[PDB]
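Have a look below at one chain only, the form deposited without this ligand, in structure tokens format.
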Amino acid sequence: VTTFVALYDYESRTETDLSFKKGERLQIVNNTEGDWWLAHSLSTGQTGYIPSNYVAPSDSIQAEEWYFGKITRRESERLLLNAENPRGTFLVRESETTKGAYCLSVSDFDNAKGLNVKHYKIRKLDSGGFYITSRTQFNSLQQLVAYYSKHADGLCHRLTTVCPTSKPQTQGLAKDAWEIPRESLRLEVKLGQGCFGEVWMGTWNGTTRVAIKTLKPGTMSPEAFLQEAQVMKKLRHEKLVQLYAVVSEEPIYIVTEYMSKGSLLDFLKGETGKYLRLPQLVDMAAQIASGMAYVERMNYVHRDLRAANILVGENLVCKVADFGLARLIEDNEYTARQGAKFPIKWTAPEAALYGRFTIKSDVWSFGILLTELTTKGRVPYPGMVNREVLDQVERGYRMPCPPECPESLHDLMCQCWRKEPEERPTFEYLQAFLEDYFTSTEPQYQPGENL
């Protein structure tokens, strides 16, 4: 039994889980594994299961507000570059490139680069202490942060503000919540309409904001959906919209992680996508590619990858939604890859012609998606009707490089559009290509030699 501290507030939805406020002290066992831990709160004397990502052991670095653990270099920059953060906003993370070194990431402002993030490798001493520059050593990470909060002393700027963040999603709505009753869900605001149902913002069990998709009766077999949903339930990645729960009887409701900024396609159009710069668009493509690289690793298939099925959150977070759902659609026309509801302009020819949906036809759809990303959301094949597209694509026509899409990205698109699926790149490749698309000379980490 270790004492853990609550990193965030958590409102107890159910009977068996535990409500707690941040800073509460909770007793939890030695080895316990999984997403939900049994806890006893010393602070309240109350008992119940807790989401394990909401706690850390007392008096660890993981309990420190400014410690973001395994966050990626690119993702730390996403959070730190929020325009509301003052200069000197910071976090500490593990180094991606150097053993059990840590890294201090700090927001800054420059007359050359503007708003930018500087990264300082924090190395550990034989003593167990830490240092950024060997001339100034500390016994602990906390002492290090305290010192550079008072004096830049070589750093680009004094540490001012702990990087802010939203409470993380829990994994599942509760321990053992999966098939839920319609009554647990309050549909609050209808957000959109599709061919086969609607999308809602809602609340589960009076506590938790969720998205709810409602399907038109007869869209899918409830039994088939349930069987697939067991498979989708296992797909867990920061760039995949989480599938929380399902109401299995007609009409089917699908309960999902709520994404505050709506679909990428809508986002690209209108009063916010007009301003996006290429590095932001490439970072959004890189997030999407990372989610699809997980799908690829898991030997799954999206089947309808396009901007309308990417959802946007705070700070240009992008997540893949509705993976695998298209396969269950019971509509004679759609299943034929035919009709006004089939996204033929995103569909690889072998998927259109022979129904061969694979990760490589998703790769083709990603190439089309890159086209939406670089045109503020214009429909692909602009002057072509859905009826012509397949034959043109089979004959070898490919969209030209959109205006103000760099040629190197269009060459990436053309790779995604090879006729032969096995000659299209992997999402693994796409993610690395897009993550490394912009480079510099040697500035990765600030030379902490002598500040």
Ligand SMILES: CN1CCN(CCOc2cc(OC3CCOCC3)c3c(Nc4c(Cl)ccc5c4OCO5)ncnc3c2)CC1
Given for the second form:
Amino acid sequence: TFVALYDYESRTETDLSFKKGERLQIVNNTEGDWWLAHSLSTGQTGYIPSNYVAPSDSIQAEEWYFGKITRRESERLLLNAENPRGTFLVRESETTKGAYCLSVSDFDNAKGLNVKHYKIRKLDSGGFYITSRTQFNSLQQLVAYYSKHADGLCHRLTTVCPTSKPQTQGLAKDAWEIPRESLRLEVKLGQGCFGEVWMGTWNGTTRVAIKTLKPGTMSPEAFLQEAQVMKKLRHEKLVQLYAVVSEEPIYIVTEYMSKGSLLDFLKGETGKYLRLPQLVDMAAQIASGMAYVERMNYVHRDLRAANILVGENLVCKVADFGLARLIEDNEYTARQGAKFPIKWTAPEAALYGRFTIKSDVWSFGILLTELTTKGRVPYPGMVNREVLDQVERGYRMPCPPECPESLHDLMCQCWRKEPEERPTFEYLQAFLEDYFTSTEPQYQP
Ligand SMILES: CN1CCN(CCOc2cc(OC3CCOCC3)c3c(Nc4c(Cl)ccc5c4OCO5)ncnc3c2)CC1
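The form deposited with this ligand bound is what I need now, so please give it after the form deposited without this ligand.
Everything in the complex follows now, all chains and molecules, and the chain you saw is the first one.
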């Protein structure tokens, strides 16, 4: 049997609903993303997302086993407001292959909410331990023991760390080019010069975001070819493309992001108590999504805070990738006109049409100024039509008010004249993740 790691609500007539813990037989796995299953509980059958289950009695079956997750992402989850002391998970060690880590929430009246991390090593004779004093035959035995007594841990293990349900791969088995009629538009989220964004529902059952493009914006044929590329991009910090309607008017169907654009989140009451550590953390997430783009040898072309979306736990994801290259508007193609974001655009890209990952790095630097200013527009003195002239003769925005110079200096590296001397997104992600350096020990005794 397999076991469900999460609840799943049926979206179609041929999928299978199930609850966390339900025992499922996989009865056809000659596939990848959607498997045919059989509830051993209800006797109903139907397709399921394979990432929602694990082999019974596998380590992946344990709800506290988070597998391959970075300590930073495990910290984001554990530091959640609603987590008791001793909320925990087990993950793989990043510094020692073959080792694991118990990460545990704590509260200190000096330090507040914090996370402690204990390296679990295996004793070659094959036993698992955090201290040599106390050793176990399995990880599950270890968690059982420390669920009853703290011993040398900051706190007894009380509560399995909660997480959000994974993204399935697609809306449904073989759903990709979908019929227009499968979508209900409900709430208008936005309108730009090329189309609109709506919250809506797919197949009567599934919350999605839907972007429409005005007819004549781009060829459906070029759109469909690019969409195949967009479809291969899977990353925790990139908004997932679910499906497309590829005849005019085109629809782009994606993951719905509950808190909306970063740009609006930064403004007004939502942003009022946002402090530098949080703003830097959001920048590191964005940088991480773009490091994936970079690793994949791809290019965004329209990076800016309005194209970053915010979810639960202050998760930030890069949106809108793939489209800008397709826009057929003559002005936009020539990097001019009221539709084109000259203020985020590297000068070699505006002048020569050289869009690269280094021009995205330029845009990321501009995004940093939006983050450290509660979203004020870049180059406040200037109109679009003066910006390029000025930047070509070496103008750059000064240090924003209240922004520390060391972060301004990072922006300035992003705005180097020579595109190839600009930092990598790999570099930017590390710099930002480690920006606030603790002396403190990564692990413990
Ligand atoms: C006042 N509340 C209204 C609801 N909102 C909850 C979710 O808000 C969004 C907004 C989106 O787009 C906004 C981006 C900036 O301009 C206004 C609309 C979402 C979005 N956009 C999107 C983009 Cl940027 C690019 C391609 C797309 C998209 O949809 C699918 O195809 N995508 C997903 N979820 C969105 C949620 C909170 C505030």
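Positions refer to the first chain, counted from 1. Under this definition, the rigid core comprises the largest set of C-alpha atoms superposing within 1.5 Å between the forms.
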Next on the checklist: With the core superposed, a Cα shift of 2 Å or more between these two forms singles out one residue among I28, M399, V389, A63. Which one is it?
Outcome noted: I28
Checklist entry - Can a Cα shift of no less than 2 Å be assigned to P349 between these two forms, given superposition on the rigid core? => result no
Item to check | Residue shift check between these two forms, rigid core fit, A39 Cα at least 2 Å | outcome: yes
Checklist entry - For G206, is the CA shift between these two forms at least 2 Å following rigid-core superposition? => result yes
Checklist entry - Once both forms share the same rigid core frame, by what distance in Å has the CA of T14 shifted between these two forms? => result 4.1
